[PDB]
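Q: Assemble the whole structure, with the sequences as input and the hints as a guide.
Number of protein chains: 2
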Amino acid sequence: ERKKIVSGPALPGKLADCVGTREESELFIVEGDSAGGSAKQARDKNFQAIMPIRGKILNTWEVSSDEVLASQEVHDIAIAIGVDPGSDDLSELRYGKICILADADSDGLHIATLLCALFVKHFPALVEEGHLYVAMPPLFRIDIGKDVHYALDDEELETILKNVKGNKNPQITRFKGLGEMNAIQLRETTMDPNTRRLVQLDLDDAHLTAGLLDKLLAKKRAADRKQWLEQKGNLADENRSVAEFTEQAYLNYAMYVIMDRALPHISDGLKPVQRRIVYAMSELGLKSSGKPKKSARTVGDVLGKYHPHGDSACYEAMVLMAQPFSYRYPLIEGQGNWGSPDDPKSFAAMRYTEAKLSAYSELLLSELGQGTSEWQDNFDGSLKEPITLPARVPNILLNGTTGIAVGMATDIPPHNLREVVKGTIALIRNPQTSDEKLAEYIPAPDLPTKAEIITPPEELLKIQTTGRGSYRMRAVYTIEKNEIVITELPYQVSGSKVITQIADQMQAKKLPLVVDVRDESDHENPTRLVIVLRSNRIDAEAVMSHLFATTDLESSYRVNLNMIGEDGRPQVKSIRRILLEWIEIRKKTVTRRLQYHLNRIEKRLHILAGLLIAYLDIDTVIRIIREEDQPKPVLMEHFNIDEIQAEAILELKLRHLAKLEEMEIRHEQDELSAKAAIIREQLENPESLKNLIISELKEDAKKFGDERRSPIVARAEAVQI
Amino acid sequence: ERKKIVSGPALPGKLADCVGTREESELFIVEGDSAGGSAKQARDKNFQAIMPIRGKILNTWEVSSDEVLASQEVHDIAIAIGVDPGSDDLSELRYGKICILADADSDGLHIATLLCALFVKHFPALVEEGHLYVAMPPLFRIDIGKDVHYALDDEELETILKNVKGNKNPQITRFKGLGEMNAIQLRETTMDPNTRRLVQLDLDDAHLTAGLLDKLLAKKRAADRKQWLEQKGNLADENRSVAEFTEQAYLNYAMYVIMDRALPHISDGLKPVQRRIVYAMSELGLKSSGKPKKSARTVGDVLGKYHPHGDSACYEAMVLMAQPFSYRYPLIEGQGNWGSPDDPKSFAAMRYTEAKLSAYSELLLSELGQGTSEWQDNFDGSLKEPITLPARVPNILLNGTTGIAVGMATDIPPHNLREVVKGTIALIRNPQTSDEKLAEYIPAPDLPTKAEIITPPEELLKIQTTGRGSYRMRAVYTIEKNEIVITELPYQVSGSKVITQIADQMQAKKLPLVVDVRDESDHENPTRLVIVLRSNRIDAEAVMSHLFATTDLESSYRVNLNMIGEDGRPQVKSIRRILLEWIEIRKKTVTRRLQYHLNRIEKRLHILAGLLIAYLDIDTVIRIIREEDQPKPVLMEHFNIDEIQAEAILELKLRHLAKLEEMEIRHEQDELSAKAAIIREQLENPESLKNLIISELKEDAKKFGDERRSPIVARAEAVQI
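Going down the list, the protein sequences come from chains E and E'. A prime marks a further copy of an entry chain.
Residues 364 to 383, 385 to 601, 1010 to 1493 in PDB author numbering are what the first sequence spells out, letter by letter.
Residues 364 to 383, 385 to 601, 1010 to 1493 in PDB author numbering are what the second sequence spells out, letter by letter.
Careful: at least some of the hints might be erroneous.
The list makes no distinction among identical chains, and a pair is therefore deemed to hold if it is satisfied within one copy or across any two copies.
Stated by the list, open to error - Here are the simulated DMTMM-like pairs of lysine to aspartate or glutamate, each with C-alpha atoms no more than 25 Å apart in a straight line:
| hint | residue 1 | residue 2 |
| --- | --- | --- |
| 1 | 1222 | 1255 |
| 2 | 1222 | 408 |
| 3 | 1269 | 1183 |
| 4 | 1360 | 1472 |
The set of hints was computed from the structure by calculation and includes no laboratory data.
A: Here's what the structure looks like:
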């Protein structure tokens, strides 16, 4: 039972009510920030009411009806519509239609599904009696000069397109947010009964509907939901079933956030914000060979052109890929306080630090302009951006990844570039290389520290073959007189925290043999934590063994090799499967690059053939250029060259044309013909394509590769007290 | 008495201690985010300790010593140095030097003064015995190719400059943040004893020092501090007095934040972030006649190039100047949900809304490229930005302003453009126009609402003449049957809140005659709040009178005409003084614009003189161009024109050169000579400069001006109950 109102306004100052016969009345539930003010101005006050809600309501799917009014938003909804949760009595229903008005993007879709869930669980009678609707946002925007048009479906788009004839070219884009519209556009597209597309939601079979919603929204269905994402994830973008509507809305929401925050793409090992940073820096000209610019410059361009979602989220992602203690192969570099292992979240603001691309980042970017990638509209349709980067190495394993969204997590450790290349080459030569044979090439992760991996070979193998498990690391130290001197910490472990843990044991009187702990790290000593013992007599190993058991000096790391595959689906994959799948991606990239270069080679040979003809009667060419007002047609007629060939001859300076050597031309012709011949056979013979990729992997491992940093070492179990 | 430590680390995991004879030891107090990691790597662990502090410590100036340890940061400092607050016993002092290492920018300066304050108030003995130092940041950065150099003073800069001879040009910039440096640069500039500039702070006369610090930091000195800012504000940017150091540091900090958040410049009525938005949009080409772009695009460019201080602060400032209910003359416009008076802070994200410059904004921007403004380096030295915009009208009064920082507040209401222009013209014709005569031209503020101003003429006058006071507004309504219908609300008043206030009185049984309150605002009815009475018999005036007394339907507004003057100082100014001071600014702007156009006119006449000579023997010109390999020297020799004149002749197409008419040339010559003549006399005769400005003001008032929106009306006092 909701709070009673007989006298006065329902929800004063929140609900903007209408003045209507309530069966003709319509309530629009909107999101406040995105469309609150605009919807109120868009509506017809005679029969349309607006209730703005700030942000998303809670997930009420598993909340008992006896308990659901505890939420204010929900209480307000029940008051607005005049129905108690869990009741089938609609005699107090205040509107004939209850309409969800939400954006077309991931957040709007999420808001829509949470509202449907509320109505399906707690007001099923309302939905069964046909009172719940969705006000569909446009599907497309169409710009024509200064004119903006919206299409709510494929028919309207075709109609719009065929009826504008004339000059301007129509730019079509996918519609995102209602907040982009003025009140007139919003009225015309979503609120006016004559022109909107208002879809009535059907409960259908209430048991199947509940079953589907259980899967989307219930905690106990976590496993079902994960399997659903792994099967259907690639599919993420009048009457309609509520089950069909919410399944597709929530699929779209879930895949968006999972790809945004959690799982990178297998092809280049990146998530969108990371890919957009690297791409944006490439366009800014921030090559490793030049000067860095303030990080702000890159952030501003990312925010303005590619990833408009908060300066902080962009900059924090930049920092991570600049920290040499975080990224095994930094994508970014430059002067500034990028923080330290003591606290990787404490770093200078983006107006101070400076950033350009690292040389390593060439492995992702160098082939971008060579017809290798697919491109898509950026968020507002004014630019294109690459969907994936044409990686020359499996950066996914080299820098790894971490994140979680909607219960789906990933935890990929970094690996050594040279070991991974050896493994990849083996897999290209023999796809049936076993998991165990692969482990000889790639024994373990390789972290940006010289600390030790102490996990046994057979546990490392199980992690690699199943894509999940755990490994352990220990700090590295030596003994000097009465001092334990630690020079290397486990990955992601803070020296300051370690010192705090040890000091705490000292104060708790648990470490009598330790008299002091000092942080002696400085420029001469990157990491230098000193544990001072009572005397030279004390058994340091025994002290260290206890510390390994009780502090971060020994640490454990979850591994979950989860990512978006070439098929667009999330999946946990073995090391072997990751590399096999990556190889197949690289074959496609290289094939496309070869095709791009062949075309260019052929165009250049065509020019050279013209230049050879020109050179072989240079005096006539020169005479024609000197004495003709229109040399081009004269050259074409008298030498039998085409327009392209003639323009190239005319392109040259008279001075250059005199300097034109036959030998030079003929050499380039020969050199280009032999290149084109090699390319054609690489394109036609799969085995020589494989050899090309192998030789390129070898050169890249030589140029950009480095030695293992984290030795794999067996240790006696840590012993406490 | 601080917590005691005899055994173990002092401040484990925070203080990175050194291993030194403590009189040779040095403690560096740094800000954690900006230089925490870098300072630890920069130091020499043998004699330098680092204590990072997150953000600014509290102002301890007026905290009793018996109470000051309650703060953890302060407690930590006392432990680190080994001295109790309020004690002169330095026998436990743990370091010979305590060094403040802070940035050179406004935040660093603020941090430095708060630390000095702490030490002067609570550890005066330490300062008196010469133990407190400041590690000076660089004054200048110098870029030379890929090389970065720092100078800690004017001497070092001169030395650096004279010893690089060769190719590259040195770019010199003002140094801001230590967070821009890598550890090696930080060591070399601030920490290494051989190369740093470490300044010892002197207490001097402790009574005068306390007196100065009282003024900077004590609550009871608010009035003194305000006067100090008003007198010295324009001045905001080995041994040194602590009083001199902190006065200049705090002056720099205070003026920075006051100009950033609170007081706009009189010249164009803007603060930096606003000026940077308008300038950035101008450079983006966002003219009012073209298409808008997503707000994100502008925000990203502002963040990346001009105002790198958070996407939110930039975008919120944009929104304000786009809202037609907030800005009397919007600087920005475009489709999207920019929010509403119901809640001006609820609006769609920057990836959705669209923004370009309004036509009005031409009044600030149109003369920017005509030699009118002073320019300065942007934050990182890579671009220039205007210090002020060359306003054609006193936008300061037209859109007004609001904000506060360090106790210094401003509250300027918007005014009507045409009334202000009439006043300004009167003041140009007669600077002795009285405050009272001015009030005939400018009776009152003019708000973006048709609500009423009910403040009497003599109170309006006092506000204008003193620059401070208060005015009041009332909602506007009509009576229809038994309904009160409100169509206009006071400036900045929310309809939703009003409805809430009225509903509250209803529930509290304080409004028996009111039976309902409805928000009927829609597109046909921008504002339409309906109060429903029991019957047609009821005296609505009496109900409205009570509502005016008890709700926002009548509101009051503080006025404080505070701004940065042409002299760079804050000051509260009368309307008369504002306009007189603005007029003087506009004279300088126009003088410079005239000079810019005169130069261009003269250059063009010089070209035309050459073209006339060429035209008067066109056949020879053509022959020369046809038959000479180097026509330019031949034209110069045979026609006696200079290189500039000859290039212009050759610039023309042969086709254009044939189309060259004598008449056309001679007309432009005549037209340009008469323009130049008018300009020279405007430059030489102050009275004709005044006439020019008046006529321009008249045209601008016609094009961009509009009628008063808020009528000034006398009302009977509101009567409650």
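Q: How would you classify residue 1222 and residue 408 at a CA-CA limit of 25 Å: within, between, both, or neither?
A: For residue 1222 and residue 408, only the inter-copy Cα distance (23 Å) is at most 25 Å; the intra-copy one is 69 Å.
Q: State whether the alpha carbon distance between residue 1360 and residue 1472 is at most 25 Å within one copy, between copies, both, or neither.
A: within (18 Å within a copy, 63 Å between copies)
Q: Since the copies are identical, ignore which copy is meant and state whether residue 1222 and residue 1255 lie within 25 Å (CA to CA) inside a copy, between copies, both or neither.
A: within (20 Å within a copy, 80 Å between copies)
Q: At most 25 Å between C-alpha atoms: does residue 1269 with residue 1183 qualify within a copy, between copies, both, or neither?
A: within (23 Å within a copy, 49 Å between copies)
No hint from the list above goes unmet by this structure.
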